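The primary structure of each chain is shown beneath.
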Amino acid sequence: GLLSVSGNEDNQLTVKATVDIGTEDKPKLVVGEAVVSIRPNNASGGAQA
Amino acid sequence: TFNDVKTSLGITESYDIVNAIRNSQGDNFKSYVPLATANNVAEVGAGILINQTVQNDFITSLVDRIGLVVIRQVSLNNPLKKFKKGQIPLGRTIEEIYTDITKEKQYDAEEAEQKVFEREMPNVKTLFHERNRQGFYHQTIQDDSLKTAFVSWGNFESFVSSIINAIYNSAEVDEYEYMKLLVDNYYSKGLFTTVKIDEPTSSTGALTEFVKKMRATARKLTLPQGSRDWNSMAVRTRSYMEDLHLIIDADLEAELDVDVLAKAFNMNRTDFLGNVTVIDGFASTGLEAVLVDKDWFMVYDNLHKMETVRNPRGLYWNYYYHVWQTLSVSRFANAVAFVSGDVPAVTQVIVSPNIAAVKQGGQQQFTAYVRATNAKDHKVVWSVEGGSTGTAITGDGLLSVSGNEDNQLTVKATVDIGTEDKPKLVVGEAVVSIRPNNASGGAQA
Amino acid sequence: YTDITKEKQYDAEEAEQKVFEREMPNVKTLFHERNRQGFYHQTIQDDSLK
Amino acid sequence: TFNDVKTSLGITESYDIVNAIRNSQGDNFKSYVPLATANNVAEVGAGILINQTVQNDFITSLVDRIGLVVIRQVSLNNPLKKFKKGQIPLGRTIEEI
Amino acid sequence: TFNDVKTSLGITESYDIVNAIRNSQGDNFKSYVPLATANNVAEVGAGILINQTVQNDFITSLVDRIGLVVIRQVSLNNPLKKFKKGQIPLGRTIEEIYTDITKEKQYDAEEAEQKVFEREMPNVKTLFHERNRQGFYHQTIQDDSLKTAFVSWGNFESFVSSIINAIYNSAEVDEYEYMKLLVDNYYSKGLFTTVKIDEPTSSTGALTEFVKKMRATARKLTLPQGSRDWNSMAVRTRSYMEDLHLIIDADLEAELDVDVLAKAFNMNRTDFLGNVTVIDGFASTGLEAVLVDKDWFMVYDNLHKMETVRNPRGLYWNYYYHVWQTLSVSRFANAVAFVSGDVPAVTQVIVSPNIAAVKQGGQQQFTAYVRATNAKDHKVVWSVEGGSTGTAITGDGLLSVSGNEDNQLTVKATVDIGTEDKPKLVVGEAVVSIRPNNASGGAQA
Amino acid sequence: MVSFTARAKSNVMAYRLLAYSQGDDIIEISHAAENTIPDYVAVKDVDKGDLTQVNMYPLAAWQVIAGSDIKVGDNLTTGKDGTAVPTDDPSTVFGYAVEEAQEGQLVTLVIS
Amino acid sequence: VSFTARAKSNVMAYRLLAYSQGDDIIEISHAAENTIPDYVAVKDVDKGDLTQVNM
Amino acid sequence: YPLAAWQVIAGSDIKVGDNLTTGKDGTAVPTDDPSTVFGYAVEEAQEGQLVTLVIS
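Residue numbers (the entry's author numbering), protein chains in the order written: chain A, 400 to 448; chain B, 4 to 448; chain C, 101 to 150; chain D, 4 to 100; chain E, 4 to 448; chain F, 2 to 113; chain G, 3 to 57; chain H, 58 to 113.
Be careful, since some hints might not be right.
What the hints assert, rightly or not - For the chain H half of the interface with chain F, some residues (derived, Cβ under 7 Å), not all of them: (1) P59; (2) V73; (3) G74; (4) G80; (5) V94; (6) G96.
Worth flagging that the hints you see were computed from the coordinates, not collected in a lab.
Quick reminder that beta carbons are idealized off the backbone N, C-alpha and C, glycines included.
Let's have the full structure, built from the sequences with the hints guiding it.
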């Protein structure tokens, strides 16, 4: 559940918490949903280490 | 700051009631069919998570506004708060002192000729407790920024206070947890006078028997004459019925409320199993219920204050609710554990003189109380341990110190349970300070 | 609806640097809106009733 | 006047709750895991039999003191007390008629 | 807690008085035999480093409690404080200006004929002093933890107050030490005029000779006509007995009192002249006494603030006693040192007018004052460094400056101590700024 | 940390394992090839012609996209698209999982 | 950072350790002879005792 | 303090991406023979200038 946003994400994100119940032949996905507003910052970045 | 939010956000519908209503035909949902605005109610019946700005009907350019802000001033009090014993501003250690009864002597006035000034030491025991909790509740309140969310100062201030109240709530929640910790602690140490019960969930009969055991116990703990049992200090004590507090693990309460037709079904007060409190599980196994005196809790407040600080760079305040407490268990008080399933034959042996001081060449009778669960006879093996001189203890607990013992002695009361291939030694322990005297000696007779 | 805050251990040494540490409160919200709007039309034939 | 007293003096633990808590994983004892000072509470939760002098934090040379003494004024009344019929200062024999 | 602490924790027992008494026969310790509790007094009365728990004599369960807390308030003082020169709120540099005497010339109108307007510079010397100390005292007060150590507000408050007082004591101690530092510093730089003595702390002759030299020196320091020999600026000056202060120590004081003043009929003929004080000794090896003018010290206050701040999270106060001050020494003031240890033949050479600013193609006269502690001639060697060539000193301090310089110049004067394989050099220096000479030429004949 | 400038040369995606090469007076970066040991991890999307930076620091663990299901303690190597996948060939191991991850989820890793 | 380890068999302080896996949680034991160890014990850890690895 | 990158005086001219080894006086110089490689430069540097590159 730790969300990590890229250094250049420009769009609204949806976070889902899916629990698969039933069987693999007809999976049932119970989904919790949340939304994330992205905040600009002009932080430096690219690659690390 | 969102541009696309669905009203179904996070909602897994089992069915669409709007669809169900319009597709009904004199059956289920029939009475909703005439509800002129049911569709609206159905759409936002659960409210919405994100307030998507809605335009006003009649004039689309006007915006519907927030007509009401509800500050939910909800408290979360510690269900065990009633056991707080007050506070201690200065110092750290608490010394409990419990005196006890004295044996009756026969009124023989002839013996009284010489026995005036006879010494009779009182049965005084002690127990110490110390401040052991010390935490705090850090909380930032981003002042000034919040002023854009509220229109009225009344709402603004109400909100801020609810944050502070939330801090207080968290303190209460944690106290609750620490008090449960004390129960499980005391339990893990085998210091409860345990009672072996059969897991109620396995049978209504077992469940019923459990209640009888609790009831019998509850009575025993309140017998005016006292009984030594029920406490790990083996001191004679009683309890008043209103002092009893039965702690229920979980659903067990309900299970008894309904399954035990002959007890729980016609009660809700002190008279029946004492006072009853309910928790959300002991989570320590065995324990399904705990019965203790109101004086069993040594909860004292040592520090309660909120410090604050204003950041000037960032417009916010930090709050530091500091909570220091003495959290402990008053051994001396009555305390019973209702432990289901497999238990030890003997939970714990109690040596009565926990702290003894015996002279070189002097003696000290010790008494062992074997807290057995199987109600069978057990044998106590008395032994001296440590020390200098090989001095020992009789087979009945009479300690005899040599005329030249120079070291601290340990007195043990061992009860061997299990079998000879894997003996289990339940041991009661006591210590003896040796008192010098320069008494003459060597050999006798 | 505000909510509880996690207890932190009173370590005064850590406190040397952690003053002004930010701790956002667990605040959640929920919105409700006027959704019913109907009326009860009723004729009373006055005078005739007399 | 002792020079070596264990906090476990006379205590046969069925399990070590401190160990149990740190070795828990979202199961039993889960709610104790966040308790910032649980270890202290677990150590002296039952109190101690012998007051081993404890030094003050911040200044080791200072000694923590006893801030409270509790005198347990507990009575043990005769449950049958209500049947006392009074007293007889003089004489010895009672004649019921 | 420290568990098994012994009463002997910091004891280096020399003969065990308990046994000395125990087995005493005709020996003087026999006087303690009649005592009933001598063993307990002998065992503990020396003091207890670590408080170990003691149970009550009668009830082993009860713990004996402390019925008296003593806050030992102490105040320390800087004896040298009286030499402080006051306070300077603003600015920083302290300038000390001194006009020296001149040199007699011989009357002769044949020369005067031409030299009517020729200029003759005043012999002015200048010193500057800078702020040196800017340190501060830092003290944390952990109030709420202290509250567990004290059970009375009287003791609590007394204790905390004491700590703050200790901060001020800290300052007094260090100020004292800093002024001593100035003495050992100035000494380490060879700036005291050295007087050779022989360990007052020895024979009465050593003491006596010391006294003689002291009184004699004091006389010299106050002679009406003045002298250059007591200064690091080597300027002609004079001081009074009211200015003179003898620093020394307690050892000397006692020696004087007992072997001299006690016998003297006319005490004023052997006591020390001028004002006399006592310090705890000097750190510099061989330095026995220092005799200086009251204006030798150049100590000024720059800042004395105590800031206080609360840590709301850690629950404590931080006290910041900022002590800023100027710590320096006047080299114009008279200053001598009485040294018992072995010293250099020359401890310091003072050179010229110091700050010079000779114009390109010019000429200037430098000089030297050799502090010949061991009374030898000491030839002075001169040198010029920094420039190319055509610039040099004749050997008599007369500097001839070339037709073009550049670099800032330094002139040197030196004395060789030891042997050619151990050529220790005492070197005096002076700097010369070169004023541009606009005279033209380039190639000549 | 020690930062330096590097240019993507092939649509760098966040949380992917990265490799690098010597380019036109600049270090160029891209997703690490399958079955090897990566040098850097992306934490921002950087397109084929985009110029960015690299923050140097001996990180204890990386958070990368799982290329397949991963069990706690599994030794990991590069997979398709620079994702991390379970392996057993030491020479391609660059770290190991300390937590469970399903394909497409982030998996924390400890470098070796 | 850190993570939970389940030990494996009587870890001693200052000894070189190596990781493995079993039921779930990473198992820690003394590193085998003649190889490269993964971690250094800071304290003694019992056979099946959970603890932390301070990365 | 395990550094991932160093700043070393260039013993010659170094281009970005060049593998580096020890040179005269312990300076960093370009190489091509794995074994001598201790690090790769991340920036161009002229002789006498510091060059910063990752270890590896």
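Results for each hint:
Checking H:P59 against chain F by beta carbon gives a least distance of about 4 Å; that is within 7 Å, so the hint holds. Look at H:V73: its Cβ gets to within about 5 Å of chain F, closer than 7 Å, so that hint holds up. A cut of 7 Å between beta carbons decides the hint on H:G74: the least distance to chain F is about 3 Å, and the hint holds. Restraint check, H:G80 versus chain F: the minimum CB separation of about 19 Å is more than 7 Å; hint violated.
Because the smallest distance between the Cβ of H:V94 and any Cβ of chain F comes to about 13 Å, over 7 Å, the interface hint for this residue is violated. Here the hint on H:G96 is broken, as its CB sits about 12 Å from the closest CB of chain F, past 7 Å.
In terms of the numbered hints stated before, the structure departs from hints 4, 5, 6, listed from lowest to highest.
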